[PDB]
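Next up: a single chain in structure tokens, the form deposited without adenosine-3'-5'-diphosphate (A3P).
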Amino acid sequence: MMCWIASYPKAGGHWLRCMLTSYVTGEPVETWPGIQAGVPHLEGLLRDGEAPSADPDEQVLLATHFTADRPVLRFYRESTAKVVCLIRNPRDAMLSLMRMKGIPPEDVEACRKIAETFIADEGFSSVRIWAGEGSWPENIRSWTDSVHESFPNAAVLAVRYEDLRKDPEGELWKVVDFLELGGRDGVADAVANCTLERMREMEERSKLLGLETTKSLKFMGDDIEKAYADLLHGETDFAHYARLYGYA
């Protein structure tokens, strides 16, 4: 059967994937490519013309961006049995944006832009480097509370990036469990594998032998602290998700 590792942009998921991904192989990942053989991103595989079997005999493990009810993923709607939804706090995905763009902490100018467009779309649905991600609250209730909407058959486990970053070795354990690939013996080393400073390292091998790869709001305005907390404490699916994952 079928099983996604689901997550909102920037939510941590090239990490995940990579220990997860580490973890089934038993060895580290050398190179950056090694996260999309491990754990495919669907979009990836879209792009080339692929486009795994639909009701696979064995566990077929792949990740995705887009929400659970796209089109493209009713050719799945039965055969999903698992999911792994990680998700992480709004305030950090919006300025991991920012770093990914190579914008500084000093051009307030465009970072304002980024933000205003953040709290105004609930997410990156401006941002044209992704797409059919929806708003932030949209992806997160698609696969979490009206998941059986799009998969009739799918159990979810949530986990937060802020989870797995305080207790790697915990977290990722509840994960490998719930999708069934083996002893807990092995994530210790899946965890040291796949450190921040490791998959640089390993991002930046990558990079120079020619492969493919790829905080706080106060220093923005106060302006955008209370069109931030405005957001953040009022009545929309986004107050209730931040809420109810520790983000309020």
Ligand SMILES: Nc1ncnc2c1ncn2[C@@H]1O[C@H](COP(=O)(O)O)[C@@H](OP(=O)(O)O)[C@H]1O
Given for the second form:
2 protein chains.
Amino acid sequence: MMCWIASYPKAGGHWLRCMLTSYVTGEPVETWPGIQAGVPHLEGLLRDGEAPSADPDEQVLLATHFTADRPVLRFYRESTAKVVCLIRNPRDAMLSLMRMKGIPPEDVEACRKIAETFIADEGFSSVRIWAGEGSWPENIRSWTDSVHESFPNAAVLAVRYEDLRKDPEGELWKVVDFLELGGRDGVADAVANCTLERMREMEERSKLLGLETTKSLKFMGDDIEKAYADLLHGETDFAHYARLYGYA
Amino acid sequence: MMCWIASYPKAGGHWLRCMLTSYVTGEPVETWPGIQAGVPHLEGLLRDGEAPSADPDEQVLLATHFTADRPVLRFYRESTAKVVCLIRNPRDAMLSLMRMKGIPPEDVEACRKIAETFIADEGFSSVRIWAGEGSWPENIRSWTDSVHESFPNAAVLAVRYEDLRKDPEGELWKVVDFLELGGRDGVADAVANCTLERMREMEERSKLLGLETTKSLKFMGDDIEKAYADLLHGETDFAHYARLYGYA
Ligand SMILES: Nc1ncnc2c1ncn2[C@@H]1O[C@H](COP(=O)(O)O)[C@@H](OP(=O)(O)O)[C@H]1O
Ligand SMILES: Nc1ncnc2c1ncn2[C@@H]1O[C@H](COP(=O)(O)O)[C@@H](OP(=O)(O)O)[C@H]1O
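For the form deposited with adenosine-3'-5'-diphosphate (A3P) bound instead of the form deposited without adenosine-3'-5'-diphosphate (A3P), what are the coordinates?
What follows is the whole complex; the chain from before opens it.
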């Protein structure tokens, strides 16, 4: 059966794909593309026209930011067994885009714009970079409560970025355990292999070799703060999920 | 049954997708995304997780630069009925990349590099922009002589960019006819709707609306000319196909 590491953009997908990869190898991650090798990002494979077999006879780990109901995933309708659903504070993802796009904390105009757009979009829908990811809630809902509308044989484990941070080895082991990947000894090591430090290192090595790669809201605030809290406490699905996952 | 407009990159794919679209509508192409609507580029749909049904009961036009044997296309193995295979002078595609990437005819260093790479790659394989397209010959071979290795029920029509230029209405009608799309009256109009002029117009209108978008070898020459002719007359498959399609 087939398994998805599903995550909205910026939720820490690379990080967790890193750990899972190193846990399966038990060997560190020597090279940035090593991550795409271990837990392929679906979008990456489709870009070069790869597309893994529907119903493998042995367990397979894939990752994606697609919402769970994008047509392309329909090929995996019956074979999808399990889904780790990686979630992080929507406030932080928004801040994340900002660092991402360039933009120091100062250029308010720049950032105010992105934040207002984020807010009316309830997530990244207007951002050219990703596609078929939906709004934060759309995406999460799709991989969780309504997961069975796309993958009827599917069990799901939600994991919060924030929880992985507080305690990487406990949380990861929960994912390992869930995925039936093995022991717990591997977990300690695997965690270590993928550290802000390691990841930055592992990253720029490969960049240099010529290889393929990639606070809070006070500043800019007063009213961009007001618009957020107003959305973060509405009757919408964004607010629902922010409440449910302790971003409230 | 299902139909592919297959073309290496730079062979004039947009242009022909334009005409085919306007022939089916009989209405001009009002808007640049109108092209993706009429004859969707496969890669585009996969990027947002669309992916059209294997075996439609009614005829369907798709386009791609993938080589015909990329895994992803395997879903269309039995349903693929027909394949228009758009080809142009490999010399011109190389020149095309150059205009594409920026680069005025002068910056020899810039262009010499790209050309030498093109030559050792026999086409665009090292260029980040496209993926799973193969080298020129790899690609063409895959959609033509070996087409049945991927799509066993498939008939193919090759059409040269150069021929479409010399005579757009005759050549297009050949594609129309082949594809069993209808008359010949439509052809005259359709041709007109998509003209270097029209296409540039249709293009920048949409850019401005905030919409999604996109000689010979003497200069730089003497030796980059020698390297080319040497390849263009080798025992390789590139030279084979250059010979076969009158680029010889
Ligand atoms: N080894 C690691 N440990 C913890 N967090 C990491 C990490 N590697 C990357 N991250 C953070 O995870 C986010 C990447 O998101 P994704 O991989 O889902 O696109 C980034 O958020 P920030 O840029 O806000 O810190 C990144 O900094
Ligand atoms: N309406 C039209 N008629 C003829 N040629 C066109 C056209 N629109 C675009 N082209 C040419 O077709 C090529 C586009 O390639 P593709 O669409 O396969 O990527 C470009 O080659 P040049 O840039 O060398 O002229 C482009 O200029």
